[PDB]
Each structure stands twice: as C-alpha cells, then as structure tokens.
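J.: Each chain, written out:
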Amino acid sequence: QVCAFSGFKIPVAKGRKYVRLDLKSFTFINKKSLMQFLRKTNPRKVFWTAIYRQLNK
Amino acid sequence: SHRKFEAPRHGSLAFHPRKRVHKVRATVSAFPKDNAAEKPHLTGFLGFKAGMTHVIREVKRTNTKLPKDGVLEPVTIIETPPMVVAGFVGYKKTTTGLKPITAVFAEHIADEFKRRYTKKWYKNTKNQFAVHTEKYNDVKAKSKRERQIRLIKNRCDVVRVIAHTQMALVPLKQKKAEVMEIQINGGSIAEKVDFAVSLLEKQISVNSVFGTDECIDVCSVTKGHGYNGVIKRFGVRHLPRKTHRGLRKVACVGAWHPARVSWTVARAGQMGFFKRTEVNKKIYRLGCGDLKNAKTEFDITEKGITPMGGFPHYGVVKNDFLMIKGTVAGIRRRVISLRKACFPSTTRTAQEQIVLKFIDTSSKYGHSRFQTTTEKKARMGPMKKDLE
Amino acid sequence: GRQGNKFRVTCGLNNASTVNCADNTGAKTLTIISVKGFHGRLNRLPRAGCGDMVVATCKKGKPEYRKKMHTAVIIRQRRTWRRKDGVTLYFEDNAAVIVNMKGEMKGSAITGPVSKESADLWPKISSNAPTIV
RNA sequence: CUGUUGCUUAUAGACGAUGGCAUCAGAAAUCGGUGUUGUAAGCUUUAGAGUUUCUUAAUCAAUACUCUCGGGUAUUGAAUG
RNA sequence: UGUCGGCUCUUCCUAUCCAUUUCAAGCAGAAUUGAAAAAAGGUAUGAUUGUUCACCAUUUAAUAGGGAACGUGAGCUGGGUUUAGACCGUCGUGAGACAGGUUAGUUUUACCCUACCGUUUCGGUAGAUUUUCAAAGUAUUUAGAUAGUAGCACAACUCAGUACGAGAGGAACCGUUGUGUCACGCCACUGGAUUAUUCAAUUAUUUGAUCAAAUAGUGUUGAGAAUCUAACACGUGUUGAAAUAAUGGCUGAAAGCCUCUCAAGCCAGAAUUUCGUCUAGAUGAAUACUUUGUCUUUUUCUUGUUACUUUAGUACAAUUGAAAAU
RNA sequence: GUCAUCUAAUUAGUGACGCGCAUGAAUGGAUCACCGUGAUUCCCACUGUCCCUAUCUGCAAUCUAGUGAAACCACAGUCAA
RNA sequence: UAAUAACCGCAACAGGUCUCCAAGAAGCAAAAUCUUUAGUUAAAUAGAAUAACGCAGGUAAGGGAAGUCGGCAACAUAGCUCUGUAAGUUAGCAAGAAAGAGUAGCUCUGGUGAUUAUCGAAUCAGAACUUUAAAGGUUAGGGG
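Protein chains in written order, with UniProt numbering: chain A, 6 to 62; chain B, 2 to 389; chain C, 8 to 140.
Rather than coming from a laboratory, the hints here were simulated on the basis of the structure. Among these hints, one or two may not hold up.
[Said to hold, decoys possible] For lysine to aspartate or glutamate, the following DMTMM-like pairs were computed, each having C-alpha atoms within a straight-line distance of at most 25 Å:
1. C:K91 <-> B:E215
2. A:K14 <-> B:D291
3. B:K319 <-> B:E353
4. C:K123 <-> B:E215
5. A:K19 <-> B:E298
The whole structure should be built from the sequences, with the hints applied where relevant.
T.: Written as structure tokens, this is what we have:
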C-alpha cells in the first residue's frame with residue numbers, strides 16, 4: 006500500500022482508506038495527507054511529498 | 002414507588018471497597034491447585050511491564066471466517082530478567098490456614114535482597130544476614146539447618162522458594178529488589194525440599210517456568226487516577242444542562258426511610274491504584290534465547306524488540322521478555338506478578354498455536370513510518386548534516 | 008434471510024438518520040426508525056452498521072413508496088470502521104437498499120460500491136452490486 | 001532503628017499517605033536517536049504581468065528557482081550517553 | 001414535616017414477563033395452555049398529553065406487577081396545580097363566584113453531628129523457656145475469622161428439510177463460530193480535545209524600512225507531538241468439584257400384596273448452595289538485625305521506640321492433669 | 001366530539017359539520033393587509049439538547065503565612081424490631 | 001472633591017447623580033480593536049500544588065431535536081456589488097422576501113475638474129499576472 010497523496014509506503018496496520026462514489030478507493034498514511042487530499046491540493050506542489058521529490062531531482 | 006424503568010446497576014460490588022493498595026508489587030492470593038503426580042516445578046514469576054505494540058498473526062483455528070492474511074492484535078511486552086533464589090519456606094496446614102514453619106536461607110545474599118529489610122539504607126549499618134553468613138559453616142549452625150530441612154519434610158505441606166529480581170538488569174532507578182514467593186507444585190514433600198535445596202543461590206529463567214503458547218494469569222496494580230467523581234468512578238448518567246449546582250453527580254443518594262445512605266450508592270473517592278488479577282492470558286512469544294529478537298519467519302529483518310527511540314517512559318529492553326495477547330493492569334515500569342492458570346482454559350482458541358507474521362517496532366511517538374532506524378536512513382538518504 | 012455471522016462493525020447510523028437509497032425503486036431517501044435484532048438499553052437509540060437490516064420510512068420518493076415503512080439494508084456508511092485484518096476504511100455517504108424479510112432485493116440495481124460486510128451477509132445484494140469494497 | 005529533611009522526587013498524590021535514590025546522590029547543559037511543522041535569514045533563476053527611466057540601463061514588482069529532506073521545535077509526564 | 005409529574009439512583013416484595021430445571025394437556029412435530037422449584041441476572045425506542053393513566057408505530061428472549069413519608073425539590077425542572085395582571089363563557093342588580101377554559105408569574109441556606117465514600121494519626125491482644133531456646137523493638141515475606149461477589153443473553157453453521165406428520169409444515173442433544181450488554185482494565189493500532197500561545201500562514205495597530213516580535217484578556221486558520229480518553233480503539237470474565245430444591249427413580253416395610261419414604265437407607269436432577277477463583281480485611285506466623293534472660297512502677301531523653309542509667313525491694317531445680325469407640 | 005389532512009405513529013395544529021352545557025351583533029359581530037422582546041403548530045438549515053461523553057484554559061475550591069465572621073444550639077448524636 | 005475613595009445609599013459599597021473642552025489608524029460610522037498628550041500600575045492579601053464538584057470562555061468522530069412541557073441553551077446567517085424576487089394587499093407595502101453569482105495581492109489602463117501644458121478630488125469601471133482562491137481579526141440579519 007502506497008499513500009494516495011504523500012506517496013509514502015504505508016506501514017502495515019496503519020492509515021485509513023477513503024472510498025468514493027465513483028468506485029475509486031484511496032488509502033492514506035495519516036490525517037495530514039487525507040486533509041490535503043480533500044482540499045484538492047496538488048501533491049506536486051507540496052515539497053515533502055514523495056511525488057514532488059521524483060519530478061524534481 | 003417503584004422506579005419507572007429498569008437498568009443494570011452502575012459499578013461492581015465485587016470490588017467494594019475501592020481502597021488503594023500500599024505496595025506496588027501485588028501478591029497472588031492463590032496458586033494453581035497442587036498435583037502430586039508430576040515432577041516439581043515453579044508456578045510463578047515476576048516481570049516489569051515495558052510497553053505495548055501490535056503484531057500481525059496467522060490464524061490456525063479451523064471453521065473460522067478470519068482473514069487468511071493475518072489478524073491485527075495488541076500485545077504487551079513484559080521484560081523478565083532471570084531471578085535469583087535466596088531461600089525457601091515450608092508451610093503447614095492448621096485450623097487457621099497455612100502457617101509457615103521455617104525459612105531456610107542461602108549462604109550468600111545479594112545487596113539487592115538486603116535492602117528490603119531497612120528503610121534508610123544510606124544510613125544503615127547494612128549488617129543484614131551478616132551473622133547468618135559469618136556463622137554459616139559452623140557445626141552448631143549446620144546442625145540447625147539440617148534440623149530445619151528435616152522439620153519441613155515431616156510436618157509441612159507447602160513449599161515456596163523466596164526468589165528476588167536483579168535490579169541492575171533493568172532501566173529502573175530502584176535498586177532494592179522485588180521479592181516473590183513462588184510455590185513448588187509437584188511430587189511428595191520429600192522431593193519438593195530436595196528440588197528446593199538444589200535451587201539455592203541458582204538463577205531461574207522464565208522459560209523454565211512457562212512454556213510456549215501457554216495461558217497464564219497476571220496480577221498487578223492498576224494505573225492511579227487520584228480523587229475522582231461518580232461519572233468516572235461508576236459511569237452514572239450526566240444530569241441535564243439545566244441543573245442547578247452542577248451536572249456530574251448522582252441526583253438521589255437514597256430513599257427517605259432506610260434513613261441512611263446505603264453502601265451501594267455511587268460516591269466520589271479514589272480510583273486508580275487497585276490490585277486486579279486477570280486470568281486466561283495467552284503467551285505469544287517466549288522471548289528467550291533464539292526468540293529474543295523481533296524477527297519472524299516471514300519478516301526476516303533482524304530488529305530488537307525495542308521500538309525506535311525506546312519504549313516511551315521506559316527505555317530499552319535488553320533481557321528476556323514475554324509477549325502477552327492484549328492488555329494487562331498497570332502502566333509501564335509496573336511490577337507484574339505472573340502465575341500458571343488455576344483453571345486452565347480448554348477452549349479451541351486457548352489451545353491454538355501462535356504463528357506471528359509481523360511485529361511492529363516503529364516509533365511509538367507520532368505517526369511513524371519506518372521499522373528500523375537503518376531503513377529510515379536508507380529511504381531518506383543523506384541529509385544536510387553529516388554531508389556538510 | 009441473512010447468511011452467516013458478521014464481525015463487529017461500529018454502528019454509525021442512529022435512529023432518525025437519513026440515508027440515500029441506492030436502489031432504483033423510486034425512493035430517494037430513508038430515515039431509520041428501528042434496527043432489527045437491536046437489543047435495548049435505557050435511553051439508548053437504535054444503532055445500525057454496514058450490513059444491518061433496518062426498519063425505515065421514506066420521506067422523499069414516489070407516492071407508492073413515500074409515507075410508508077420499509078425494510079432496508081445498510082450497504083455503506085460515513086462512519087470509520089475497522090476490519091479484523093487491520094484495515095481502517097469509510098465511505099463517502101450513508102446508503103441503503105430496500106429488501107424484504109427473506110432478503111430478496113426489491114430492485115435490480117445498486118449505484119456505487121457496496122461494503123463486503125453487507126455483500127457477504129446477503130447474497131442477493133452482492134449479485135446486484137457493481138463493486139464490493 | 002524510625003521520623004523530619006533533600007532530589008522545587010516518581011510508577012503516587014486534595015493534605016497526609018504511598019513508591020524510589022540519597023556522594024558511585026542528584027541536577028544540568030551539549031551530542032546522537034526519536035517525533036512535529038513544511039523549505040529560515042543573505043545573496044541568485046532578467047523566473048516574473050507591466051511600469052519607469054537612461055533608452056538592451058537600470059529600476060520597482062505579487063509570486064517562483066538553487067543553496068534547502070531546509071530552518072525552528074522536541075519532556076514539559078520521551079529514550080541514550 | 002415544602003403539596004403532582006418527569007429526570008437521576010440504590011434497595012426491597014413475588015401474586016414470574018424472559019432465560020434455567022420439572023410435571024400435565026383434548027401435548028404427533030411446530031406453536032401454545034395449566035402448574036411446581038427459583039427473585040442470583042434482565043425487562044427498550046418514540047408521536048399526542050403537565051399528566052399517573054391511556055392509545056398508537058416499532059424493536060426485543062421479555063419489553064411483568066408493586067413498595068420504600070402515594071422513595072427521591074439545602075438532588076434538578078416548574079410543564080400542572082395553588083396568591084397578586086389580563087381575556088372569554090355561564091351565574092350575580094353589584095362588589096364578585098366557577099375541581100370551566102386561556103396567557104404571564106423570584107424555587108433561599110450545609111461551613112454543624114451522624115450515614116455513606118475515600119484518607120491520616122496514636123494505641124494495642126498471654127502464658128513458651130531444648131541458648132539450634134524464649135520474649136521485646138524495626139523491616140520484609142506471608143496468613144485469612146469476617147464482608148462483598150459477576151457474568152448473562154441472543155444469533156449463525158452442523159445435526160436437517162432429518163425425527164414426527166396423509167400432506168402442509170417441521171424441531172432438539174453434542175460440537176463450532178460470532179454479536180450485544182454488564183464488570184474489570186488498558187494506550188499499541190483508528191478517532192477526539194490540545195496555552196508544548198510547537199511549526200507555518202495571515203487581518204488590524206505599533207516598532208523609520210527588512211529581520212524579529214508584541215498587542216486584539218488564547219486575534220484567527222491549517223497541520224499538530226505529549227498527556228488524557230472512546231458510548232468511536234482493544235483485551236479478560238467459555239472455569240473446575242461436591243451436595244441440593246421442585247421432580248423422576250432404586251431397594252423396601254407399615255398393610256404376607258402394593259408403594260420413591262406424612263418410614264429407616266440410596267441415586268439422578270436448577271440461571272441453586274457450598275468449596276475452588278476474585279476484592280477489602282482482624283487476631284496472627286516465619287525469617288533478618290538489635291537486644292535481653294526473675295520481675296514492676298513513678299520519673300525521665302528522643303520526632304518516637306527499644307536496649308540503656310540510678311536507689312531500692314522481691315524469688316531462687318526437682319511428687320501437677322490423657323485410653324479410644326459405642 | 002365526528003370527517004379530512006399533517007406524522008411510521010397525533011389528548012397537539014390546520015380545514016370542514018353544528019339543537020352551540022353556556023356564541024352572537026358599539027358588554028360591538030365578521031374580516032388582517034402592515035406592525036409585535038405577545039400565544040400556537042409545522043418545514044429547511046445548524047448544532048453536545050441527546051445516543052454518550054471526552055477534553056482545554058482562567059478564577060476559586062485543596063495546603064500554607066497574616067487576618068478572620070454568621071445562621072443555628074434542651075442534652076446529644078451507630079442500627080433492627 | 002465633583003466621584004471604581006471627598007456627593008446619596010450605615011462603608012474606600014461593581015448601585016445612583018446635571019454639564020464643558022475632545023488626537024492618530026481603520027471603517028459608512030462619535031461602532032468593535034490598537035496607539036498619542038494626560039492619568040495610573042493601586043485600587044476588600046499573597047505563595048505552593050495543579051484532586052473531585054463548581055462559576056466564566058471553548059472544541060469534537062458518526063448521527064442530527066431521537067432530549068425536553070417547549071430547539072431552553074448553544075450552533076448557524078451576517079459587510080458591500082450585480083442579477084432576481086411570490087402569494088397577499090388599505091395599492092402605500094410585503095422586501096434586505098425567497099434564490100444565485102462576485103470580493104485577495106501585485107503591475108497597469110480609462111472616466112468624472114480648475115487655469116491658460118501645469119495643478120488637484122477620492123471615487124467608479126476595466127485588463128493581464130500570482131497565490132494559501134480572498135467580507136468575516138473586530139463589527140456583522142437564520143429563513144419559510
């Protein structure tokens with residue numbers, strides 16, 4: 006399992022899963038990522054995300 | 002008039018009165034019933050609660066709908082370094098219960114055991130067991146000891162070994178040891194004393210007492226909370242918002258005419274430092290020797306049972322330990338008295354084998370991600386410090 | 008009509024809770040009246056989790072369904088609940104479908120995903136369920 | 001022997017009590033670990049819509065790039081030394 | 001002697017609604033009906049009404065009936081009733097009347113003794129002298145007269161579409177797996193609080209500007225460790241032995257037969273009783289060290305205790321006390 | 001009261017019926033547009049009112065130094081019959 | 001003195017008592033909030049600990065009045081601009097009905113005058129760019 010927003014490797018028995026009505030489910034590592042996901046925040050503009058560290062460098 | 006509606010009473014009267022204990026260690030009020038058709042063995046131990054973690058375990062029970070990939074369970078870690086046996090006592094069955102007859106002690110006694118017989122050690126003369134040790138080998142004293150051994154074999158029915166911990170092996174600041182009387186359940190009283198004598202000055206490990214996948218009982222003192230109200234002490238209903246003079250109280254503390262408040266009414270008072278015995282506790286991992294680590298047959302990383310940054314408020318576990326399924330009474334660093342089950346559990350879940358797939362050693366502070374501190378440095382890679 | 012047992016699901020739906028009707032049987036929303044199999048306690052309100060049969064009324068729908076008491080099964084809920092394998096999950100809305108006592112579904116379609124707790128309990132729901140999450 | 005007292009003492013606590021240590025006591029910083037937030041201040045990418053002025057010479061310019069997985073915090077009821 | 005009801009809470013009664021054990025039926029099964037033991041455990045959510053009451057819609061194994069100054073106002077509320085304002089209807093010449101209706105109407109004090117809940121302080125239990133002993137002090141390990149007591153209930157699978165029944169219908173014993181509640185805990189995982197005014201951003205005012213802050217009694221917002229906590233997370237109470245109640249039986253007289261016994265003697269049989277287990281706990285016991293060895297009182301030092309100090313007085317080893325059972 | 005309606009469910013509300021215990025015409029009768037810190041019912045939204053409680057801050061309460069009252073009081077203060 | 005200590009209330013009582021002079025920010029505003037000149041830091045005592053029950057101010061998962069005599073209490077809407085606005089009606093109103101959209105920062109452009117190119121007024125409209133997408137720190141209607 007890899008966090009939908011942060012892109013971090015989710016440890017076992019940790020994190021929450023969010024299931025939307027469009028049949029797509031996302032699993033998150035903490036409430037910090039889930040809150041930013043719900044605000045339509047681009048993970049490529051957040052410096053500490055694993056996705057940002059791949060696009061750059 | 003009768004109460005309009007019925008409900009179960011709040012609180013349990015099986016624990017009234019709720020008097021807080023005085024000593025941190027809790028003594029088992031019983032031992033498993035003796036069987037005389039088995040080899041003598043020890044029926045108890047004593048460990049210090051370190052903390053709690055969670056493990057993923059594989060279900061071995063049949064006819065159950067639990068997931069095949071593993072079930073998440075909480076486990077308590079109880080560090081149990083080896084004990085030192087420093088004497089034994091015989092008990093006799095009289096018409097006023099057990100009465101100790103004699104207590105034969107070893108020749109050499111550790112300073113940890115001596116501290117129990119004083120209150121201001123740093124001012125004491127520290128001459129405990131001095132006369133006992135200096136005259137141990139005299140014929141007058143040797144003859145007396147042989148009489149004490151012979152007295153127990155003739156007029157005693159219960160033998161218990163006086164074993165104490167070694168506080169140098171634990172991160173606690175206390176130096177005085179914790180003394181526990183562990184009964185010997187086994188053959189005739191003749192070979193119980195023979196078995197007891199062989200144990201003098203020797204060290205006993207927790208593996209010699211408890212086996213693998215064994216259900217046990219735990220006796221300890223619960224976490225203290227001080228003075229408390231009836232809502233937390235007894236769980237009564239909170240009064241409506243409109244109430245004059247406060248919400249969190251029992252409205253009626255008795256009828257008019259028993260003319261006195263009954264002992265059964267919920268009253269405010271002390272909650273906390275109470276002695277509780279919990280039965281039927283499964284042992285998951287017997288952390289002795291090979292199983293002293295946190296690795297599993299599935300997750301093969303060599304990691305210590307201590308999480309990153311140590312157990313909160315406890316430190317680092319570096320001795321033998323036990324994994325207990327679930328929660329035990331008492332906060333970290335509390336002394337835990339262990340004992341074999343008085344009524345063994347024959348349920349299919351109690352006899353079930355335990356096979357762990359994963360043990361969580363991530364940090365217990367915050368929302369941690371990594372298991373070992375090496376794999377944290379691997380994922381994050383080099384940082385500004387160290388590289389500059 | 009239910010098949011087998013159900014594990015512990017933290018019931019997040021109270022009495023008088025309005026849920027959507029993912030069915031196609033002309034009922035828009037349902038409000039929970041009672042929960043079948045609920046064991047009473049003083050001052051407690053009936054509770055329903057995923058896969059729980061309920062007794063509900065329709066306050067918005069076609070005239071042949073409105074202002075009547077129906078039997079519904081909870082298929083998803085916004086209340087976070089934990090599976091026995093350490094998976095913590097919750098949906099986007101509370102929804103239910105109308106089924107009778109025998110369990111046979113009145114409608115023939117379900118919109119959105121269906122919880123595994125409700126699907127395994129009632130075989131007829133899983134057959135009409137698009138996805139089972 | 002026990003009590004007072006000290007550690008502005010804890011696994012305890014309204015106050016007493018209870019638990020620990022008391023010169024190998026204790027405390028304190030600093031260091032490493034472990035967490036929280038999200039990339040400090042200075043200079044640089046004309047980053048940069050335009051304006052302005054010398055008239056490609058500058059300016060001023062929200063925001064943005066590199067130094068920077070940065071900086072700050074972290075027992076106070078966290079763990080080593 | 002604060003006069004209705006409701007809310008909160010404990011306890012008691014059984015004339016038992018459910019669960020447990022039994023007998024009977026016009027009891028084939030299922031579902032029911034009559035009755036016995038048994039009061040240890042449970043007995044709900046709402047629309048209308050101030051209502052007790054009632055009547056409806058559900059849920060449940062069941063949604064039983066009552067008492068405690070018609071339990072419970074220095075526990076609450078003030079909806080009703082039951083002062084003073086006002087309106088209507090009927091009555092009265094009138095002031096005014098109305099268990100007729102309507103609307104607005106201050107709910108005071110515990111710091112006292114006891115009860116209850118928790119919590120300290122001081123005092124303390126008598127006949128033993130094998131010096132390997134005996135007693136006093138301090139500390140630990142234990143002990144357990146007594147008091148309380150906790151686990152229940154439901155569901156799913158299999159038995160089984162089987163027994164039974166013409167068919168329709170349609171169980172149960174063992175076993176296994178869960179759920180609910182109650183009780184005791186607990187902080188790993190998930191969630192909540194958050195003055196670490198932690199980190200970041202930002203509105204207004206003031207530091208000449210940047211930096212860094214302060215002020216708006218916690219300015220506000222996002223994330224937020226710790227600690228606490230969940231009806232929101234999760235563990236344990238699936239636990240053994242004997243004797244019983246109602247009842248069904250064995251042998252067996254009275255009464256040559258019969259009979260479970262208003263006879264002697266036995267067995268099986270409960271959510272039962274008692275051991276076992278859990279909590280508090282009195283008098284106690286063992287060991288370690290310090291003493292002392294015929295004894296006491298008044299003084300006296302100490303935070304306090306023991307030994308200890310002084311002046312006396314007092315006794316000095318040697319015939320006591322056991323059959324058991326009927 | 002009876003009939004409709006509002007609700008899953010209506011001693012409540014609204015609209016009808018009227019031999020009305022005991023309505024009724026300046027003791028004014030009927031009708032309300034605006035207005036009302038007036039009385040009543042129902043919807044939407046929102047929320048610790050509630051399921052069911054958790055937690056944060058300030059001030060006290062607790063203890064101590066100084067200071068320091070009052071109501072009340074036959075004598076007092078354990079229960080069962 | 002003219003009052004949170006000189007006045008009336010038993011008092012150095014949070015009650016009451018007639019007037020004059022009156023700065024900056026911000027905003028429609030003599031509003032809330034912060035500061036300048038002036039005044040004061042004491043105005044019925046403090047220190048330690050950080051228990052229950054309180055008084056005052058708050059927040060909360062899922063549900064959303066199921067609580068209760070009764071939405072009591074709290075929550076919620078809230079400024080300005082543009083569009084749009086029902087039945088009913090004494091034709092005046094209802095009406096801010098209900099309902100929907102916009103709002104920040106930075107860099108610019110145009111309109112609204114006076115004197116014969118210079119001088120000045122805050123106000124309105126428009127356009128690119130950027131961001132944490134903007135009335136809401138304070139003040140600030142719940143609707144049918």
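J.: Are the Cα positions of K319 of chain B and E353 of chain B separated by 25 Å at most?
T.: Measuring from Cα to Cα gives roughly 29 Å; hence the hint is violated.
J.: Checking one constraint from the list: CA of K91 of chain C to CA of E215 of chain B, max 25 Å. Satisfied?
T.: holds (23 Å)
J.: Sort out whether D291 of chain B lies within 25 Å of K14 of chain A, counting only the CA atoms.
T.: violated (30 Å)
J.: Hinted pair, alpha-carbon criterion (25 Å max): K19 of chain A, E298 of chain B. Please report holds or violated.
T.: holds (22 Å)
J.: Is it true that the CA of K123 of chain C sits at most 25 Å from the CA of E215 of chain B?
T.: violated (35 Å)
Hint violations for this structure: numbers 2, 3, 4, all remaining hints satisfied.
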